[PDB]
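Heads up, the chain below is alone and in the form deposited in one PDB entry; it's given as structure tokens.
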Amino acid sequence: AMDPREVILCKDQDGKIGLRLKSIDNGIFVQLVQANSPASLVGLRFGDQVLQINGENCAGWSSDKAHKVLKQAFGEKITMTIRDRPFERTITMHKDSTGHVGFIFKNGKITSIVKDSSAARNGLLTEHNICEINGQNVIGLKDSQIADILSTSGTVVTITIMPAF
């Protein structure tokens, strides 16, 4: 759907980028993006795949290797080839009489499925992070804020999710 795209960025005054990368299946993934950082400024998100760092393929790099590669890098014009959230998946649920789609969450992660709900009928999975509800990003938000977003939404609740890491 989205072919890998190019991203260029600079280390901040403190020498940081705002990224925390995770090694999954001989590929590198964005595990954390600090707010108001170079990573967030260029559009990096939790779930994005880092294919290349400075023209070098990241295939089979350990997490510590990726972090050290970024540490040693020249603080200016750090390039990257990103593959937008490969494990992302969309699921549409419907609110019941009581105004709920039927699942429990903790730190933005789905923890349980309520019996006879839209989450149960649609097959929502547990141990999945909620990325976006009806278009707005919910990563980094407080649980109370996700709950507020869910109540202001209409009957049709379309969420994007991905396996947790």
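Residue numbers count along the first chain shown, from 1. What changes on going to the form deposited in another entry:
- Relative to the rigid parts that move between these two forms, the hinge contains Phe87, whereas the other entries in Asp143, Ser40, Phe87, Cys131 stay over 12 positions from any hinge.
- The chain behaves as two rigid parts between these two forms, and the smaller of them turns through 31 degrees against the larger.
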Contents of the next structure:
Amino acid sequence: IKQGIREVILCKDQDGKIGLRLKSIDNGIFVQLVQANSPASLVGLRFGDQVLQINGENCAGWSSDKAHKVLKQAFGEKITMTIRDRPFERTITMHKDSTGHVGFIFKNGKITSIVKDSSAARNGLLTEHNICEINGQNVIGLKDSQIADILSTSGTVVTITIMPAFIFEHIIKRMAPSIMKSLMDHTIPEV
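Any chance you could show the form deposited in another entry after that form deposited in one PDB entry?
If you are looking for partners or other molecules, they are not here, because only the chain is given.
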């Protein structure tokens, strides 16, 4: 999480798509889904990001429908967006022990207990928190086993990005779970 507003320049694909779904939260507009291999994913939009402006117009107070209409009605030559980076999330760095543990339990991507005297414990990992990213890779909508596998495969250092569940549950509301599994970009970013 950068403490930064940043500008992205985005460009509709052949199909007139940017690969984005937006959600109204607390009178802002937040990214609910970034589609794989999309304009939004290439410019590095992330689940949880706040859209401050689209083409220089302020997003405050907009409904989700308005935000999707706006994106649709724009000329797809160049859309500019002003982004605040994943403001509802935090990143925690942890170290695997010798037996390859960081020291929590999670169910449906939500952390539910911290294991006594673990790295997770020393680092102040909280429960009632949804896992959003692992080492910069979105894991939202993957099965628990697959999150476990990314944790195994990771080096001894592990970075986790988490969001209070009440906020997480509000963002993903009305988005059908299979879309999250299928469409939400789960790739390492490209260079």
